[PDB]
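There are 2 protein chains.
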Amino acid sequence: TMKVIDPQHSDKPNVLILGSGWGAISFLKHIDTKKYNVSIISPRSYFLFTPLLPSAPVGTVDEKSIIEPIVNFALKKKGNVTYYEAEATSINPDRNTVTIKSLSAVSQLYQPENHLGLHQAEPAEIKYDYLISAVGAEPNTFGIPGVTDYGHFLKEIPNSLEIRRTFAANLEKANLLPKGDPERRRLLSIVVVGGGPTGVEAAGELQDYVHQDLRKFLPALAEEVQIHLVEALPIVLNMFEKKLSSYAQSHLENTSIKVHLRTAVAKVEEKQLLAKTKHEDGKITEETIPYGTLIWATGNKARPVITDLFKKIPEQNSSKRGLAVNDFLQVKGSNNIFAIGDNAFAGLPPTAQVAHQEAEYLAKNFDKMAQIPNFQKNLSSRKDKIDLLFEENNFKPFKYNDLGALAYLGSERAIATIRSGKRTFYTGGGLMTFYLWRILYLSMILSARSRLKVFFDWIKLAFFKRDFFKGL
Amino acid sequence: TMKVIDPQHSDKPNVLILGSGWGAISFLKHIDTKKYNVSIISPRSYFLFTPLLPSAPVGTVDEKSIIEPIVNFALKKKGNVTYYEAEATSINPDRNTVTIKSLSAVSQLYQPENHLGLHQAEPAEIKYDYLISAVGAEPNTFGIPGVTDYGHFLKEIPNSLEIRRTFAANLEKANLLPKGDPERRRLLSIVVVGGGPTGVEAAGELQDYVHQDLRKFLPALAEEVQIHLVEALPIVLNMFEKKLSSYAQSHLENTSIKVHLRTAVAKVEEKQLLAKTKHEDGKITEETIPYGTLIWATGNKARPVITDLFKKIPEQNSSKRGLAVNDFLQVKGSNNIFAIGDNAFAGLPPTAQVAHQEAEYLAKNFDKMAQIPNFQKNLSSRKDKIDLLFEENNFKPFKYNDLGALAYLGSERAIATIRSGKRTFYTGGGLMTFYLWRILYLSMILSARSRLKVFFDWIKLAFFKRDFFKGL
Ligand SMILES: Cc1cc2nc3c(=O)[nH]c(=O)nc-3n(C[C@H](O)[C@H](O)[C@H](O)COP(=O)(O)OP(=O)(O)OC[C@H]3O[C@@H](n4cnc5c(N)ncnc54)[C@H](O)[C@@H]3O)c2cc1C
Ligand SMILES: Cc1cc2nc3c(=O)[nH]c(=O)nc-3n(C[C@H](O)[C@H](O)[C@H](O)COP(=O)(O)OP(=O)(O)OC[C@H]3O[C@@H](n4cnc5c(N)ncnc54)[C@H](O)[C@@H]3O)c2cc1C
Ligand SMILES: NC(=O)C1=CN([C@@H]2O[C@H](COP(=O)(O)OP(=O)(O)OC[C@H]3O[C@@H](n4cnc5c(N)ncnc54)[C@H](O)[C@@H]3O)[C@@H](O)[C@H]2O)C=CC1
Ligand SMILES: NC(=O)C1=CN([C@@H]2O[C@H](COP(=O)(O)OP(=O)(O)OC[C@H]3O[C@@H](n4cnc5c(N)ncnc54)[C@H](O)[C@@H]3O)[C@@H](O)[C@H]2O)C=CC1
Ligand SMILES: [Mg+2]
Ligand SMILES: [Mg+2]
Ligand SMILES: [Mg+2]
Ligand SMILES: [Mg+2]
Ligand SMILES: [Mg+2]
Ligand SMILES: [Mg+2]
Ligand SMILES: [Mg+2]
Ligand SMILES: [Mg+2]
Ligand SMILES: [Mg+2]
Ligand SMILES: [Mg+2]
Ligand SMILES: [Mg+2]
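Those protein sequences? They're chains A and B, same order as listed.
Under the authors' numbering, the first sequence has 278 at position 237, and the numbering climbs by one with no breaks.
Under the authors' numbering, the second sequence has 511 at position 470, and the numbering climbs by one with no breaks.
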């Protein structure tokens, strides 16, 4: 009644990867396809270079520039790679299967090719020997009413399109109104919730667009726009040194952004929202803020496919943020499922930096398991022995190395702290820090094509105004 | 009951331009905004470099690369320019007004700025002293049933997006079917109707995508695609020398395109179409062709706003292709309306070449009228005297100079004939002709930005596969 895909052409173990983001793609880049048969399930046919997503809505870079098709990474592999463009809806640990839905395409990047007899929008289950879970996390509204109906997350490419569309629409409407109309002022106002680096960069890029481009042809309109950054803690960018946070805040304010600290959004309606400030003395004030565009850049929560898995594994029943993993990124209470990135919790921060390091670590471990015959044998064995097998063969546990953090602030200023272990190599803000920010992000891009395209976008930006088309 | 916009701040004449394509933008580039007050009505906020439109659906170039916002041309003008993003629905010659609808935005690129009190989706009429009509022409189905419902024109940016979407969707579906399934073969088949340069280049670019890119990751899928070029005349590209047409046809066939000459599409259904061949002996055969993607690249017809104007002007009642104009591009039976490009008929071909030459000619005439006080006086005068006034002051009539024609054929071959007057400088086909085709098109681009972007797209193409995203 339910189609099952179980490739037994080879005696290479079937490694199944969920997702096409930081964990999945970094893992894919390092996994040995000569030793393993690799399959990928993800509803998104491309990798997204998340740190430049805030630059996309106003066209500092193009949406296409920061994405790279999964297929292009896969063509570089020596062995067999299969990509299922579908969503994993259920992880079935006791039968070693993943259920998929919303199937759109299957791509078998090998020329023998076995017809699988799948049809679009028909469920199927995919058999694995090893599961690597990297489906990431979804934006968290914290139960605040209205944010889903009236705000825009900043998490995926379509969010960037939506934001451009809303804001460009607001600008056209607003410019038809007479100066000093409160409705005009509402349309020209943007609220960015979340004073983490995502919200800060979003606010900064928007301000860049308004000041550098919009101002060239509608200066009076540009003058009236008001961007708000709303943050619940007493400082923005709290992962940085306090003095860098103050530098950032003063800079943002200097570019005309209004920063609301100690402030939380309580309720969102279609044209206004309620913000409460909890002052240091303890008193609580409240302000209703009319807004044209709301961008919700706070926090992530676990995905339904992952929370369901919490129930199916006893050791995992007490999980909340993500799957709990051991020293070897093995999901607790499972001997063949691994979890990396934001869908896993190990006490580390939910960043690309961690996801990328975990992926590379895990792929190296898979190199070693391929030299030890017993691993692939415990697959068929009755006993979950893979936990023991890591300590037995003295695999080192995963150790995260924090390399620091960066944040663009708009108007050619950035802050940065670069490190390794206990050594700090760079830490500060300014004009040169901005150039460093560019060179560094360019270096972290996972593909030559995307790297060139971003580079071409920045060159073009030196001579011309950003592309800000309503429907492109 | 109907708002009327009549700027009388200055004693500069109000020149009103309809459209934002080849005629409108070329004219705008050359019109003297120190002598004239310039306004523009067009539903499309940008100029479209039409000759590269066939390269967009498969990402040989990107859609953004071949467009340039009207506003960027306008910023370069010294005087006052206003852009109404709306559709001209009625030209009202006796009151010197144009009715607009579907208003989205108004942009006054000048600092004084008078609030006009317009609202979105409220009709208005725009007063002019001089009207320049350049709304172009729309695609012509020839009454063939089904082409509107089931095909895609190749006329505007959204057509390019639609075609990519259809064909990318068909490829995913087809690759899920087993080899030799007729439904798979149907999904992999494309029909391009029209053997003019538009249809040829569309066919050529698609074949390029299939052979150079698709083949790299789904070679068997690439092998099964079949592109058809359907043309009713006995030769393709009939504006060229017969020998260049034969070269082109053999080339297309050599790249695996199937060329159907003396063949017309009689009827289009959702999954097949009826094609009839009228052989040279006189006999008529018919073939039903299953297709996944239909591209309709034949012919244009006059727009409704233009046909309505036919009825309102006596001298224009017998018009069919477009507005009839005199030696000075003045609309016959009107003393203040001019028509250039495809909305005008003067016995010249409907090309960008003609539209661009007319525009530049007309803007130079407007330079001369600005030295002769009587022109701007006949505006207020009771008598239509502007017709006489051109012969009187010995303005030379517009003379078109054919510079030739180019066509890309796919697989790095093109044909080209370059001329001026009776002299031919170049005429032939081949690899070098392709490089010439690139250098020449780059030269005809109207903006530095668009020119750089196209150039970057071609560079990227030298190293990487085309971007072919379903939803970007
Ligand atoms: C705008 C923005 C900027 C950021 N900037 C930085 C930065 O500068 N530095 C930094 O360290 N971190 C940054 N991050 C955070 C970083 O992107 C994440 O920590 C990282 O993406 C986590 O990697 P992941 O693979 O776990 O999830 P992701 O990278 O998000 O990838 C998850 C993938 O799984 C796929 N998927 C989703 N649901 C399913 C399903 N049901 N089945 C199968 N597949 C599924 C998705 O399509 C996605 O491709 C940023 C995040 C955002 C939103
Ligand atoms: C795919 C393609 C490729 C081509 N390649 C070539 C080539 O290589 N060489 C060549 O010489 N010619 C070429 N042409 C022909 C050339 O593009 C046209 O002749 C060109 O458009 C000149 O016509 P125009 O400027 O009058 O109108 P267009 O350039 O078509 O533009 C007319 C403008 O009027 C606007 N408009 C439409 N309706 C209304 C309304 N109701 N009110 C107000 N404004 C309106 C439109 O938005 C548009 O911006 C090509 C055409 C196509 C479709
Ligand atoms: N350039 C860089 O180095 C970047 C790094 N990152 C990392 O990616 C991860 C993703 O996190 P982010 O999206 O940036 O979120 P974040 O969690 O770092 O910040 C969200 C912020 O919004 C605030 N907030 C929560 N609820 C609120 C409410 N109801 N009303 C008002 N404010 C509220 C919180 O105090 C919080 O600090 C982070 O861990 C971050 O460190 C993200 C972007 C850029
Ligand atoms: N690179 C270049 O020089 C380019 C120039 N152009 C211009 O675009 C303009 C469009 O002019 P058109 O009059 O439309 O010529 P067209 O050449 O686009 O004509 C379309 C062709 O399809 C044929 N056809 C018509 N009905 C058919 C049917 N029902 N079934 C099958 N075939 C059918 C016609 O005979 C005709 O040859 C041309 O003047 C052309 O020069 C367009 C693209 C490129
Ligand atoms: Mg196997
Ligand atoms: Mg991932
Ligand atoms: Mg990602
Ligand atoms: Mg995530
Ligand atoms: Mg994850
Ligand atoms: Mg025009
Ligand atoms: Mg055009
Ligand atoms: Mg100016
Ligand atoms: Mg036209
Ligand atoms: Mg016209
Ligand atoms: Mg179809």
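Hints in this document: simulated from the structure, not taken from any laboratory.
Keep in mind that the hints are not guaranteed to be accurate.
Where chains are identical, the list cannot tell them apart; a pair therefore holds if satisfied intra-copy or between any two copies.
Unchecked claim - With a straight-line Cα cutoff of 30 Å, these simulated BS3-like cross-link-like pairs (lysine-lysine) come out:
| id | residue 1 | residue 2 |
| --- | --- | --- |
| 1 | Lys257 | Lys142 |
| 2 | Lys118 | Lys214 |
| 3 | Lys463 | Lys75 |
| 4 | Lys511 | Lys501 |
| 5 | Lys142 | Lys44 |
| 6 | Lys418 | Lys308 |
| 7 | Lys424 | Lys440 |
| 8 | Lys319 | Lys361 |
| 9 | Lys317 | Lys119 |
| 10 | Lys424 | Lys196 |
| 11 | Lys319 | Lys424 |
| 12 | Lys118 | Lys511 |
Kindly indicate which numbered hints from before are broken by the structure, ordering the numbers from low to high.
3, 6, 9, 10, 11
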